[PDB]
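There is one chain below, alone, in structure tokens, taken in the form deposited without this ligand.
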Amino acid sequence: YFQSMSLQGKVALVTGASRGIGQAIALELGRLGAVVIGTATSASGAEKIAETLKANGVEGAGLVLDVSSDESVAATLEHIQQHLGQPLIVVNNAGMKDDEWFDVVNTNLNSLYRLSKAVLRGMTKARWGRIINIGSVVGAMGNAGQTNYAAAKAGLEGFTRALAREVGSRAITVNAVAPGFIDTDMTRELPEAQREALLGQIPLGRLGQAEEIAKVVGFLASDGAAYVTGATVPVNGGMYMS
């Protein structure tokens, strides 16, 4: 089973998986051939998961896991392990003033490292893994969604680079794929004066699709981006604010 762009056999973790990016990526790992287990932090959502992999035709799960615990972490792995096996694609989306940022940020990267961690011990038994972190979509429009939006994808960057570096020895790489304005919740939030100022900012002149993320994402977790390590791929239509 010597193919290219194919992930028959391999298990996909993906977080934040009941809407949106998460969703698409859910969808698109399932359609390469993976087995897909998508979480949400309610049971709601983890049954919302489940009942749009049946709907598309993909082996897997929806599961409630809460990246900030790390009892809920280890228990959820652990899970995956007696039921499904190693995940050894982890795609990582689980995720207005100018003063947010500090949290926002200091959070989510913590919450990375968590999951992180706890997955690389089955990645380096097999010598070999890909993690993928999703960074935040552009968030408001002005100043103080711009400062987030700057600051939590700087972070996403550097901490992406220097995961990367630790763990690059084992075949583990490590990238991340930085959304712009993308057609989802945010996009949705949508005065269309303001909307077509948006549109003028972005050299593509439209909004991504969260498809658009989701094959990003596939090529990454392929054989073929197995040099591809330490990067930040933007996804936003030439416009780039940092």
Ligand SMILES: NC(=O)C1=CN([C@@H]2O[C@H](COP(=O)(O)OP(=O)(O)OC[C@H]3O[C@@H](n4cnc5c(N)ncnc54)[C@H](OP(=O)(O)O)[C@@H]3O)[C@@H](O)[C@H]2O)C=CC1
Contents of the next structure:
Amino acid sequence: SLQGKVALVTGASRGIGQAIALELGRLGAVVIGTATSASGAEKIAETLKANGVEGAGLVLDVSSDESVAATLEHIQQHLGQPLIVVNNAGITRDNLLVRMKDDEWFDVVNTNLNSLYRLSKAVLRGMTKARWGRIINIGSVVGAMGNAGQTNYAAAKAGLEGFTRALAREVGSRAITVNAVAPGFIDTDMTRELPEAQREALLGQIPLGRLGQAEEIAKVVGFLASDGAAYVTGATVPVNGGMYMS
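Would you mind generating the form solved in complex with this ligand now that we have the form deposited without this ligand?
What follows is just the one chain, with no partners and no other molecules.
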């Protein structure tokens, strides 16, 4: 369903990004997955190979103006034009607002929201020239719902959806779609961090009565990347097991 397309997936070394990279690969995409370190990029390349997926690893820091512009320029001139871009990379730095350090606020906004500008800007010319593209941004239920101790993360993740909607309006006439996928609580390193009794508490808020799997997010992203999703744009697709319904 994606044969002949190049996909770029940011944050593909583990968790949701890794499942996304493998799923797009399963669909026939050549996959460029990113990590913040050389060894991470090397491991991505090997993991894709181990799964029979063609592609490469890329060292990328989406919080850095230079790391994005320079690395994307290189790939587009020398290797090829990504027509599917999944902005998956993201971090949390939680604290009540009165206890939150300046770096905790700015690092989350800069990594999780400003990254969308850096990546999208680097890839849009190729998509507009091809008259085809998919930009898929990984948001969070916390964007719609809010969560105490996460004003920075809620701000960035809600901002991600606003970005999604406005860009979908700019590029729709060139058959590029822009969508968000907002996971609920998914079994990854990010969630394994939370204290035990808080995870037991989260389950009581979820109608399906379980955490989600990274593969479940990846399936949804794989669908949006496909031709069958061509009339879906500016949407946020919640994948949260019923934790939040809007």
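Positions refer to the first chain, counted from 1. In this text, the rigid core denotes the largest set of C-alpha atoms whose superposition between the two forms falls within 1.5 Å.
Just a single entry of 126, 171, 162, 140 exceeds or equals a 2 Å CA shift between the two forms, which is 140 (rigid core superposed). Core-superposed comparison between the two forms: the CA of residue 55 stays below a 2 Å shift. Fitting the two forms on the rigid core leaves the C-alpha of residue 107 displaced by at least 2 angstroms between the two forms. A movement of the C-alpha atom of residue 68 reaching 2 angstroms or beyond is seen between the two forms when the two forms are aligned on their rigid core.
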